[PDB]
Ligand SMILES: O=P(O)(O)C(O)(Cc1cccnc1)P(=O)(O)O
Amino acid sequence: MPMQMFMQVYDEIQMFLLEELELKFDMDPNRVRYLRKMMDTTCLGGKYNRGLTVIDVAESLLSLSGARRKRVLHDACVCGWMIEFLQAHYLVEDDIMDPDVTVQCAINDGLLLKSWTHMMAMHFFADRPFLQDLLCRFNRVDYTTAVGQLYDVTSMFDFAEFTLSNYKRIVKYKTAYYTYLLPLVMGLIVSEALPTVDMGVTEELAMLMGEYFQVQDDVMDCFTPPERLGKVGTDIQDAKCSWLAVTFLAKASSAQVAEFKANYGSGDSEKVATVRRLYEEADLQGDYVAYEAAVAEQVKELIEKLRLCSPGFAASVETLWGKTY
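Which coordinates fit this single chain in the form deposited without the named molecule?
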């Protein structure tokens, strides 16, 4: 029922957007089918964890507070696709980062994908009291993410910034807000229970879960072989401010730092291997286990303060945490 309802609303949303282009923007059939294909390509095929989290938060708060149920569940599905379309937008912008009409069209796709989040919200929520508050929180998180991307992309320019506090600054702004905080908040807004939750504990839980997720992602990026990871690990070659790099630099010897600094940020297979060798000598995959355990305990503790005053909200945050854990 969750995933099948999510896809049914996707069809309903795509139909509205495409017909709006045809009826109001004078779009010809050829371009409408092109945008249908582009929309399907960029928005489908993932796991929908962000979008399904909105649904899971909504179903809890209506059962643990008949016609209002159908409306709140449908809104949740629309909110979930807003975040999924937002995610599509970011991925397209990341592809560009890696008279050419294919680049013109990718740029155009990125803009349309973002605009579609506004168009679908201005339609399906036109008569909701929360439309303005929803758009403002959504836009604020999107800005947050663009700021986190700036931090990420410049973290090796101005190793001074290879610190744990700065790594958390990147993770929180670049990933945690739109991936963990925004799905929860949007489920609260469609359930009209926004002021009934402690946003401090909720923000802290989202920051922690995104941190937990990003550290595991950083370690897998370096040690998981390409065919099992789903991609080729690129953090070392790209000089990324990863959890491994910042943890290494704090426990490395002076000449190990010299060997790291001379090898980091290169595509040469042997220097990349030298970095992997350095990481293993420092027992970083052992520190990784301990670090995730500590965060996992901090997550396990903060969920209980949340349930003291917001019981039903907490079960979905546990469901979301299990998707990460």
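Numbering follows the first chain given and starts at 1. Each form is matched to the other, and the largest set of C-alpha atoms that superpose within 1.5 Å is called the rigid core. What changes on going to the form solved in complex with the named molecule:
- Once the two forms are fitted on their rigid core, between these two forms the CA displacement reaches 2 Å or more only for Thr247 among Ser191, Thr247, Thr117, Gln87.
- Once the rigid core is overlaid between these two forms, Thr144 does not reach a Cα shift of 2 Å, moving by less than that.
- Once you line up the core between these two forms, the Cα of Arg276 ends up 2 Å or more from where it was.
- The Cα position of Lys300 differs by less than 2 Å between these two forms after fitting on the rigid core.
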Given for the second form:
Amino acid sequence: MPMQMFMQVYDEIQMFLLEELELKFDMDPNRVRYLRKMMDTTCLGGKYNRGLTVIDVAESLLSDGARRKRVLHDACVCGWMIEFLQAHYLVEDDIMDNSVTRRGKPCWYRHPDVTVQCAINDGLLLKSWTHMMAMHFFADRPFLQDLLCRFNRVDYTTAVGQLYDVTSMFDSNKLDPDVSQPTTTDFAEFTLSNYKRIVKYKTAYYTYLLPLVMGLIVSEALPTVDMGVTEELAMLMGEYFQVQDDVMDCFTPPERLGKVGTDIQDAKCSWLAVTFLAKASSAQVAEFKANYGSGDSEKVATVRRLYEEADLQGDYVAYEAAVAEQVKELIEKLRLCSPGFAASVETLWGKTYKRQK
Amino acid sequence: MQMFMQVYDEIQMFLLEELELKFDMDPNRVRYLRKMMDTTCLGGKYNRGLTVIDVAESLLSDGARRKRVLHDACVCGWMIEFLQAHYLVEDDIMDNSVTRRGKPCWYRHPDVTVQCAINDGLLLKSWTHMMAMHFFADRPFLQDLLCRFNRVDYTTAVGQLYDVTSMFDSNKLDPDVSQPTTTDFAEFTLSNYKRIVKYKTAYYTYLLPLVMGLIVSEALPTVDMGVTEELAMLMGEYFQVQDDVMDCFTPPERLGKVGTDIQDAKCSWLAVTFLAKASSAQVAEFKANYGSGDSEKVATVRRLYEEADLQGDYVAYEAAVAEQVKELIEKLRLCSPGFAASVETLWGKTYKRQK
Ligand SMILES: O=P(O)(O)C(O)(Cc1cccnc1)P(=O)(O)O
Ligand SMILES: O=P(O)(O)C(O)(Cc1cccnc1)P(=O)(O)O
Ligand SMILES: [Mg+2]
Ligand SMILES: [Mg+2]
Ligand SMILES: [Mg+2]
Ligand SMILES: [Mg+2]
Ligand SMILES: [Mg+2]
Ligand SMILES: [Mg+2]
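Now show me the form solved in complex with the named molecule; what you just gave was the form deposited without the named molecule.
Starting with the chain above, the whole complex follows.
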């Protein structure tokens, strides 16, 4: 049922958006068709965990069936706002990361009939749609300003995180727009401290915090929860989520992952890289440095081999157990004053812990 | 300019100070973003920003309230300037441009990667929302302001889609297929050109500064919005026509940017007007040489535009526009004399501009 209602609201959203373009933007049928395909390709096909979380949180906290109908419809719209914001980030990210596939299909910019220049702008259209749907459904809601204030702040935080992500292989000391420099050679910025910052801002806020907050807002329950503990939870689960993403990038097969990994080739400051460099022997580190950040098949294979030799999967399972311990504690802390909200956080945790995605 | 530039400092201080305090940002990246902001937002003529101030001030015609409206207008002005900065960073990447305002394009700076530049463009747009909330959280006009600002942002992105898909047979548009640059150039019609330019340029360059000025001076309902939109679309079309002409005919030292329309096979005013008027042999030579980075092919296309006396047609198009602008400003002046005076000034910043 939650999935059923979520998909029905997608239809309403898509119909509103596409029918407007025809009538208000002088758009021809061919370009309306193009944008319908863009929307469908970029926003559908994932698990909708962010979207579905908003619904779960909203319904969990409202406790007269008219108000339930309304809150649930508002939660569906908020959920699609987050899914569209994500779709926006993934279109741009794939171009930025030179990725090949996503969800088992070509990246948007890699479709045979999409130009990179169009794809950049298509990503922008996706973000605009979040604002368009918000105004269409919420123009008369008293929570609109607070909703969008928070939504926009998380959008901002994500872009700040993406900056951390894309500048992480560069000695930050040598960062100057008017100069230029190659990939790091000592990898001295590949610290856990730096990793934690990247991951908090690029992923945790929009993936974990935002769904929770929007759910709280449409159920008009925000002030009822300890926001400090909630944020702690969100950051911890979001860090772990990105750690899983990084591990899967190297170790999960494309048929199950849906995407071809690029972290090695792009010289990303991944969890694998930072953890490997902190533990690996001198010879291992030297071979890593000589092979990392190259598209060369065998250099990538060398790095994959080194990660395998360093038993990084091992370290992950241990990181995983420590995270799970802290999650339980914080959920129990939240349950003290907000048992309903804590139950929804537990479900979000259940969708995350040991995910095979 | 003086108060506009001091509001910039205030905006920049708020934004950069936050990043340190709230985003755990290191001094190096704060420095990087300060330079990014300065390079992308400063150096133009601030005509949209300055228009917001002119409109707001002219529609209050209390000293404390004047101070307030003017400060609000400056913030709105910078919102539009930052939104523009955002569009120009992405557009330069999309259009494979080399230079802007006599400097390298942002993505062409030696220490900027293209992947960083894309994201920098996004940061610029985010800043428009951040400044709005910092300054206007308590203003009753906030929802209406942002509603319209966001709609114009949207319209611009729709316009950019028109721009970027204009050399492709629209019948043959399918994400799952692929197709080269047009061979017959049958879509290079004046009808299609007018749609591109209305949406990519006219709304954010002409309509938005007017609307934002009306809003902060609390004067929006006082004006005929139909006639106002008419003016905005007409002046915006003409503005983009000037842009297209300058792309080919204005020297880089004066223009501040290297032209790319020919190489990118754009549906420019030059292209559409040329193809409508040129001889069979000229048309054929155009089709054989357009949309190529080849130095000799670009020179051929430039030569053909010169031979076709497009400069001539421009002067005639310009006179026709000026006639209709005068008509509409006089219509506006009937009920909104003060607003009409501000529109006339905006028109004066546009007509026969050498930029
Ligand atoms: O799905 P991807 O590309 O593996 C990723 O998670 C996508 C993404 C984009 C933006 C913010 N957070 C994650 P990345 O971080 O690039 O590894
Ligand atoms: O400044 P430019 O690049 O000549 C231009 O005017 C920039 C621009 C960007 C976005 C919307 N409108 C104009 P373009 O349209 O690409 O010719
Ligand atoms: Mg990626
Ligand atoms: Mg990425
Ligand atoms: Mg990844
Ligand atoms: Mg351009
Ligand atoms: Mg352009
Ligand atoms: Mg141009």
